[PDB]
Amino acid sequence: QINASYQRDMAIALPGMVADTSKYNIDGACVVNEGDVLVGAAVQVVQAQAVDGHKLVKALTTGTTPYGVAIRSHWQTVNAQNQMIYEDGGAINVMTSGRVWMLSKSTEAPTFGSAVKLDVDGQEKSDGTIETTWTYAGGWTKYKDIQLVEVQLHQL
Amino acid sequence: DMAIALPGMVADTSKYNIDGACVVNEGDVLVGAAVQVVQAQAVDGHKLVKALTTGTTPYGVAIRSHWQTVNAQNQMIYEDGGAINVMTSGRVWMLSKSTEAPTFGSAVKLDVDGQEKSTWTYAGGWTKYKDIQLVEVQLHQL
Amino acid sequence: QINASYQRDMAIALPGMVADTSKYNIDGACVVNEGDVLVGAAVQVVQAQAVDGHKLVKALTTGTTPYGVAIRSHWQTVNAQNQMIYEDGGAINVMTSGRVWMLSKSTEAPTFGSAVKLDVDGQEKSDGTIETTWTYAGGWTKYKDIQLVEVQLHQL
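Protein chains in written order, with the entry's author numbering: chain c, 3 to 158; chain a, 11 to 128, 135 to 158; chain b, 3 to 158.
Everything labelled a hint here was simulated from the structure, so no lab data went into it.
We put the CB at the ideal spot given by N, CA and C, even for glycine.
Take these hints with a grain of salt, some might be off.
Label pairs and their calculated CB-CB ranges [unchecked claim]: (1) b/144 to c/58: 18 to 28 Å; (2) a/92 to b/107: 53 to 63 Å; (3) c/107 to a/31: 53 to 63 Å; (4) a/28 to c/76: 22 to 32 Å.
Result set (DSS-like, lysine-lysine): computed pairs, CA atoms no more than 25 Å apart in a straight line [unchecked claim]: (5) a/127 to a/146; (6) a/107 to a/60; (7) b/146 to b/127; (8) a/119 to a/144; (9) b/119 to b/146; (10) a/146 to a/107; (11) b/127 to b/144; (12) a/146 to c/25; (13) c/60 to b/25; (14) a/25 to b/127; (15) b/144 to c/25; (16) c/60 to c/127; (17) b/25 to b/119; (18) a/107 to a/127; (19) c/25 to a/107.
Okay, chain c solo, but in the shape it has when bound:
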């Protein structure tokens, strides 16, 4: 006959979400070429047009320098594979500097200020092959079986 009150907390992050409102820069004059990319994964630049002024990007592969991370957008993205993706032949929202949430494949929390190493598919890994100049921003969390890590980005 006694009443019961309960309490629940929200999750703090989603893949490809901008971590906070610090100094950031979005490179939005790019176009997806040769396939599709995942929100929360790194991309590489294929070529930059001399006159038209659009860069050509795709998912990261072996032996390629990353350029940025795709970020969430409720308008520019299409829903496929139960998640947000960017389809081929369309404008993309690439983040080049700032704090972002990234998909992870590691199993242990990282160290603040250490260098970020990626996997061959553009996802963070504690023992990846591709080396970057980015550093960890401190965040490390999970959303319903999806691991997320907070990454600091600076311009190339």
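Based on these hints, arrange chains a and b on the given structure of chain c.
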């Protein structure tokens, strides 16, 4: 006339970044001294700052604030257990122990107290105020 | 009689013009010393005043470190020699971070992300003897008998 500058005060209005979600874990922090991140909580998002020690990587420089911190001394100080402003990118005046101005664009080195001994770079400002010998430092975020 | 209509396109850029509205930084507390500076060419620092605060700049020279690139302005520039120049003893708008259109004297288009090399006179050249931290941004065009190149400047 007027004094030229004070420790912990931002030099110019160029690109700057200030992290206000921090707290002094232990001891007191002097305004205008470098700080380091002892522990960054993964979920809570707060950074525990401390005065620079031997063989550690600096993070930023504590700045002044007339409301966040008050003190009975002439010089401002951050008390233990209080929110702290730390600037991570931009030009700031800093405490120094050197006596001659170094070359412009040189890479500066930090003492064990958080001071400036004989990566951040020199910006070109070298003044004197009440025997403090401020130095102007450019901080980048890596 | 058959009616006719015509078409013509404008140019893309001008020497010394700011490329786009990405994150940039202009250092306006500078003074020109010992000579004239061409808009769209790199500059060097000869003395930074310790108390007054102004910086003394001049055209680039052999065995020196460049600081930035002067930009266009319709109020701070004098019209001499059928073009815009910065005269001696006047304030100059010097850019130290961002994308800019810069004078060039090479013959082949550059590759994205590679390092920039300068000539003795302060103009971009593919085999110059001066090393810079700057990179190429992909723009490469030509005004009337003038070559231009898009350059990304990082803060020194």
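For each hint given before, does the structure comply? Return the numbers of the non-compliant ones in rising order.
Hint check: 3, 12, 14, 15, 19 fail, others pass.
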